[PDB]
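As a starting point, one isolated chain is supplied in structure tokens, in the form solved without adenosine-5'-diphosphate (ADP).
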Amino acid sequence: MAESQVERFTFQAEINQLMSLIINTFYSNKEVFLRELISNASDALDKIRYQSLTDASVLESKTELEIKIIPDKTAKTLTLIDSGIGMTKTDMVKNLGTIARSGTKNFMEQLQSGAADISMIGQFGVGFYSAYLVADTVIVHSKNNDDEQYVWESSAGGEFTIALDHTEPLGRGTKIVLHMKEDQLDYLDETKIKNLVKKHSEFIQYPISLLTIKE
């Protein structure tokens, strides 16, 4: 018998107002979820890369500095793994739900007025939550050098889960898994995504690797 503890946290309120608004945004152009997936993971690699210069040890947990994208049609899932700085348990609680940003209020406000477009989400510091434009439930694994590997889970409810992760070990970094929704499955099409990635890679300084999973 396997045993693990699952801690259950409750989302801040306007960052749950955000997930609500996002999952009902009948937006035609959702492809910025991937735009944000790449950027976030690029910013992560920058944090461990700039820490490299001032302390060479930080890379010892995982030498490779790259991004992997993993479309799985059978599992109905899109995975994006980076080998950046990664989050601790505290960093996941803080950065991923509980604490609100100040541009959560301002983003939703001008999304409704029309001043901001949904593709402008990343400029309000909440680019992450765009993952819910194409996914019903989002799961984040992370491994910072200062903590054990932890897994985050949310189906966009008022609620999220955190727990010590005993799945595929990451040396260091973040693995965000998108459990795609039926009407967005054409985003798992090999060519559709390939092209879409390289379209939103034209400014990325890191090696990207697209691993297409097959039946």
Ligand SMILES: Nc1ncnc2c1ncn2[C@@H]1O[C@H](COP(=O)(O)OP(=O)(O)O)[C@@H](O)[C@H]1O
Given for the second form:
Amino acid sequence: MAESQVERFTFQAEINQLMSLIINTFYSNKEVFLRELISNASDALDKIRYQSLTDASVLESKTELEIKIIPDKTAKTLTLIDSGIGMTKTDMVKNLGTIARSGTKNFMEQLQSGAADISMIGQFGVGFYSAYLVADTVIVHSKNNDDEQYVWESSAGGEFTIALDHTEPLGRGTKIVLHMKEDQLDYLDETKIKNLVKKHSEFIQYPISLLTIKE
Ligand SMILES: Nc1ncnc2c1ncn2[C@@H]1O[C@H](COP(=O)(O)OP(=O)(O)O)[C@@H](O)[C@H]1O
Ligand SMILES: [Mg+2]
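The form deposited with adenosine-5'-diphosphate (ADP) bound is what I need now, so please give it after the form solved without adenosine-5'-diphosphate (ADP).
What follows is the entire complex, opening with the chain shown before.
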């Protein structure tokens, strides 16, 4: 018998509204989700890299600074792994849903007005939630040097959970798993995802490994 303590949290009200808007509205082009995933990974990698300039020991948990992308058609998942800074449990609580972001309301208003489209979500400090354009459930595993490995999970509906993660140790960094919506499984096609990764990684200064899994 396995035992696990799970803590349940409620999304900040405006973040809840945004997630509802992202999930319950048709958007023609949803490619932004991948740009946001890679962007976040690159930012996380920059953070640990600059920390290592002033403190070399911070890299001992995992020497390589890299991104891995794994489309898994059988599992119906897209996974992105980075060896960036990672998030502590409290980092996840704060950054992944409970704290208000000042861009949230203004983004929603601009979406409704036509002043902004969904592709601009990253400019408003809420890029993470673009994952729900293509995924029903998002799982975020993370390991920061300061904490144990934790896993954040949400299928929206106003709540998320966080628990200690006893799955494969990351060493350091973040593994985000998108459980893809049936109508968005095209994003797992080998050539399509290859192309999109190349397109959305032109300025990314870390190696990217694209691993196509077949069963
Ligand atoms: N791969 C990751 N590694 C570390 N932290 C992350 C990662 N992805 C997201 N985060 C955290 O979640 C926050 C929200 O990301 P996002 O909504 O894209 O806003 P922004 O990138 O503008 O900060 C980030 O600022 C970061 O603190
Ligand atoms: Mg971001």
